[PDB]
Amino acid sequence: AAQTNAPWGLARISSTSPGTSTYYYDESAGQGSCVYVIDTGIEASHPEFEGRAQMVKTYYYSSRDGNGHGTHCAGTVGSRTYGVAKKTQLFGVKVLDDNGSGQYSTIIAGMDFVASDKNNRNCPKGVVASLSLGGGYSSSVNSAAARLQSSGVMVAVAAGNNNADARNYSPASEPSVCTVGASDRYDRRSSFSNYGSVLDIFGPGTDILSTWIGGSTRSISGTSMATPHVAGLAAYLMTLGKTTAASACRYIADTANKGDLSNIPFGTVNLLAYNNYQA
C-alpha cells in the first residue's frame, strides 16, 4: 500500500533515503495486534482512530486526554493518516495528568497493569507498549519496564530530551526494553535527543504531525514522537509474522538503516527504524 503526501516520518520509516513523502507498507497494517499508549490518555473519539482506540485505565478523575500528548503519540502509532500501524487496536492507560506530569508509583502501577490487562484483550498477533515519558534514574521504574517486557509485551520507551546520556533516565536506561532516540527530516540526530550505549534505535522525532485533542492535528517534537514510530513498527512487523514481542527490538535494529544519521556520538548506535517493505 502507498499513502501519498504522508508525514515525513512515515515516509522515512519505509525508505532507504530521506526526502520522500509517500509511506509504503503491507496492507495487513498491524491488524490483530494491540498497542498500549501509557501517557496522558487518548481522545478515542477522534475520527482518525476509526473506533480502534479506547481508554482502558486511568489513575485520575477522568480517562480523557486533557493535554494532547498521549493523543499525538497514539496517532503516530495507529491513526489512519498519521499512524505507522493503521489497523492496530489502541489501548490508553492514563498515568500522566493533564499537565503531562505523573508520579513514578503511578507509572509503575500502569506498567504492571498492562502486563496483566493484555490477558483481557484480543491481540493474536502480539502486544506492544509505548512509553513516551521518563524522569531521573529509578531502579524501581526500570524493573517495572523489565517486567512488562518479560511478560510478553514489546516495550518501547523514549530516550529523553536532555541532549545527554540516557543512562541517567528511566525507563530509558532499562537494558531489556527498546530505548528510542529522535532524528529529523535531514537524518540528523534531533538536537534535544538523548544518546548513549543504552539506545537501541532512532526514529523520526522532529516536527512530527499527528492527532491532537479537540479532533485536531499539530506538529510537535521530542523523543516522545520517535517512540510511537517504533512501537507502531513493532506492531506492524508482528502482524506480518516477521518477529515477536521478545525479539522485535533486536529485529528492528537488525533491519534498520545503518550509518545514515549525523551527529551520533561515538558509542551510540547509528540505526534508523525501517520497515524494509518492498512494494
Given for the second form:
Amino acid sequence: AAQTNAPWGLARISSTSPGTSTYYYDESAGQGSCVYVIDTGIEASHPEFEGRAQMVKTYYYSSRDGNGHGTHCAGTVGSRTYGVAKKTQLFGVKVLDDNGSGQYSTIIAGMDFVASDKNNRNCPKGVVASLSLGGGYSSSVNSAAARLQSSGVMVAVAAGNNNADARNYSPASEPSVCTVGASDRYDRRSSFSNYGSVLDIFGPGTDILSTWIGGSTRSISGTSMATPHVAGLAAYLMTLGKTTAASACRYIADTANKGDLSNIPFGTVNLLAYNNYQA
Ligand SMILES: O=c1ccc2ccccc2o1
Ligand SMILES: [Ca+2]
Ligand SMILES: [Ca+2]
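Okay, that is the form solved without ligand COU; can I get the form deposited with ligand COU bound now?
Then the entire complex follows, led off by the chain already shown.
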C-alpha cells in the first residue's frame, strides 16, 4: 500500500533516505494488535480513528481529552491519515490532566492498570503501550515501566525534551523499555531531544502533523511525537509476525537505518526507525 503526500514522518520510516513524500506499508496495517496510549486521553469520536479508539480508564473527573496531546499521539500511532498502523485498535488511559500534568503515583497506577487490563481484551497479534511523558528520575516510575514490559507489553517511552542525558529522567532511564529520541526532516537530532546511552532508537519528532481535539489537526514537536511512531511501528511488525512484544525494541534497532542522523553525541545510538517495506 502507499499513501501519497503523507506527513514527512510516515514517509521517513518507510524510506532509506530523507526527502520522500510517500508512506509505503503492508495493507495488514497493524490489524489485530492493540496500543494503549497513556496520556491526556483520546478524543475517540474524531473521524480519523474510524471507531477504532476508545477510552478505558481515567484518573480524573472525566475521560475526555481536554488538552490535545493524547489525541495527537494516538493519531500518530493509528489514525487513518496520520498513523503508522492504520488498522490497529487504540485504548486511552488518562493519567495526565488537561494541563498535561500528572503525579507519579497516578502514572504508575496507569501502567499497572494496562498490565492487567490487556488480559480482558482481544489483541491476538499483541499489545503495545506508548508513554509520551516523563519527569525527573524516579526508581518507582522506572520499576512500573519495567513491570509493564515484563507482563508482555511492548513499552515505548519518550526520551525527554531537555537536550540532556536521558539517564536523569523517568521512565526514559529504565533500560528494559524502548526509549525513543527525536529527529527532524533533515535527519538531524531534534534540537530539544535528550540523548545518551539509554536511548534505543530515534523517530520523527519535529513538526509532526496529527489529530487534535475538536475534530481538528495540528503540527507540534517533541520526543512525545517520536514515541508513537515507534509504538505504531512495533504494532505493525507484530501483526506481520516479524517480532514479539519482548523483542520488538531490539528488532527495530536491528533493522533500523544506521548512521543517517547528524548531531548525535558520541555514545548515543545512530539508529532511525525503519519499516523495511518491500512491495
Ligand atoms: O509533550 C510533552 C510535554 C511535556 C513532556 C515532559 C517530559 C517528557 C515528554 C513531554 O512531552
Ligand atoms: Ca540512509
Ligand atoms: Ca532500552
